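Quick heads-up: it's one chain on its own, the form solved without the ligand, in structure tokens.
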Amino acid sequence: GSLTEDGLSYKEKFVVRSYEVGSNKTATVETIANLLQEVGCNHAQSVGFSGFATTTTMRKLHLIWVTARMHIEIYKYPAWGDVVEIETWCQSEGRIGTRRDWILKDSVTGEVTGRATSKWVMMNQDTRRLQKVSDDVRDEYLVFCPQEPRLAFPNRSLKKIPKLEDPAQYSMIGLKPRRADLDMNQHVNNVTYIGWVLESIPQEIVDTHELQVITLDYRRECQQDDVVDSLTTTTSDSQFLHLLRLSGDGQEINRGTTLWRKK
């Protein structure tokens, strides 16, 4: 992949692999999310970011970016062997945090097949205390980001998500991460949570519908030795409300919604 001409966005092509596809022989939403993260990492590397994707001031102040929200809309999942092109870029959102956006295209047709957006907040790596973005970090972002707004979603991606009320309609309990679920820093990979959310969807919905939209808020991390319960209730196209919580004390780790279209 490489930076675009203006140096303000990044593009990369991927061939969908055999083990990356589900029962209709197209990429799973987890494969898609992994690809989004890979192209994000390649972008950060190309513009001079560090394990973590920090800036110089951030390293000085022991700060990291963490994900607050991920929103993905897929119009067409690429088939096994197909080539997908992904374009990504970032923007600062003042003192609130930053945003990374993606567009997915079929590289044969050049048609948009999906779009995604994510919100990131600043966190002290040791205390794990959330903070506002300092003036000096905003200045570093400015040089690698478009100055005028550029939005993948010009709005479902901004909607408030409510907390599922007991009892849930469906559940999958006793979920735990294995080593393949961890990143190089031994944190649970953000895409694992997407998989866990989807585990409490009935196989029948999955057999008969395609996922069109997922929105996931990230409230707290699952540790390597934690155990998670995944809860879902129908709110309807079918729509669902989702909650991930620690199996023991019921501490919330994520909430989300999904929207599914009949095939």
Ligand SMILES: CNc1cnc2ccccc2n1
Second form
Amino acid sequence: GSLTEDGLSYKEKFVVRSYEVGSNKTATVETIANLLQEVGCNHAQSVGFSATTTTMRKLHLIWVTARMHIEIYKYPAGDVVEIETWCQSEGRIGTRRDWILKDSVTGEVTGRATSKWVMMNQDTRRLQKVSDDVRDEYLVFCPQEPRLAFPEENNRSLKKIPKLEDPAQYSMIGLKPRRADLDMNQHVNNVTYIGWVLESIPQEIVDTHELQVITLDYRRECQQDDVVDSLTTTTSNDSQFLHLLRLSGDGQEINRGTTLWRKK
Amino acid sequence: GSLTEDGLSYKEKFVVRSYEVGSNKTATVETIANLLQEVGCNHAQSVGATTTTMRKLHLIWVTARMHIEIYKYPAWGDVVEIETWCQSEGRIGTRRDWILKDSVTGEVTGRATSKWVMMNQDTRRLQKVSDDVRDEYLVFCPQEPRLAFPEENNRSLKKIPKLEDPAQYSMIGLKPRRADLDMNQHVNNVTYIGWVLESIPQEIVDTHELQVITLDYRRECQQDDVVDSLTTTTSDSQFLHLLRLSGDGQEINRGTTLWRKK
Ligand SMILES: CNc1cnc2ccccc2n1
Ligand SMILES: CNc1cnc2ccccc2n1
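Structure of the form deposited with the ligand bound (previous: the form solved without the ligand):
Whole complex next, starting from this chain.
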């Protein structure tokens, strides 16, 4: 894995592992999400991060995921998959990180993703707009012209996700994160919330359909000692669902999103 | 990853990933277990893991016991090479051993061993190996005994007792998700390792490191099943573990772990 010739993006190849695939012998959506996350960690490291600047570490600010959008066309089965990631400023809202998944053999694009990141205070959990001086510190590592993965006029990543009404059609109650789900800072990995959202999708839908799109807004972080409830409702060959992750007790909303499924 | 010069073992190098480490910035025991499993999968593939006679008879290889000793956990970014190989254990079953080495210093940072038995995949019944299916796997095994844990009266061959109630520690309501299931829709054996350790307190994890883990697989956990994880200190620190179904209290696993100071 290394930065491209200009140094404004990063590339990395991955061989799909045995424990990374599902019932259809192809890489699960959580494995793909982990590979996108891994390539983004190494891009921050290659340009000198450990991804907070010296100014961000002084004021106690961190980058947090606010929205994640992942569209897959072909899930890699032993296959080699190369991912090209890059970041771009989104004015004073925050940052945007895009990915392009390509099959290393056929060279075709087998998927792509985009995420919106915001600047949150490490301790008070309070959000704030990216100040001018902090913004230009990472501008030197971003393409100046707009390079989006999803350039489409009314693209399916900038649409507002509604709140699921009760009763939910499907549900999966009592979901708790384990030590494997926690990261190096002891927080529940963002990829775990993707797997929790999909736990409410029926087994019949998973066995007769494949996941094409997944848009997910991160509202609140799930602490290790918290228990979640996953809810789903069909809103529609293609099938659409409305998802909502919320705490078991107080019913505190932690996530909301939508998924699109295509026939096999 | 490729077979060694003789073809009686397989080697593979791995770069530790960001999402594969814990709070100490070193690879979790479940990630190490996954790497050992992955290298064993490719060793079976590299030699062409059920034969035509086993497929015709409707038989499969199932893990009966797993023993893993780690001395140095590879940190995020480190390269770790694992050398795996199989050996016949007479008519009982098969034994697969691993040697984890640091690719920079060349030293051994860990080693593992597992006992596998021959079970009929449909009726779930353990069957005797028989001479003919045994000689099919002998052409891919070292003839002389090559054990990762060769010590007589070692930590991998001692009988694990059943945990008595009340358990000192516990973690109830553990359910496997779609990520925990494998290609055949079964809960992969690394999830049971993570479930065993869920009952270990946070104080023990934050002030100690996992050195040894011996685990006997008694019953498989179906996707629609809920487990209860129990732990009791028997002592370095030693614990006695027991995984059992929430409802009927059906035992699915039993094992022991040894923890060293940091
Ligand atoms: C107040 N806005 C947000 C946005 N995204 C989040 C993701 C995780 C945790 C808290 C979050 N808060
Ligand atoms: C009765 N012997 C055994 C040995 N190992 C097993 C592992 C998984 C499921 C059932 C098993 N049964």
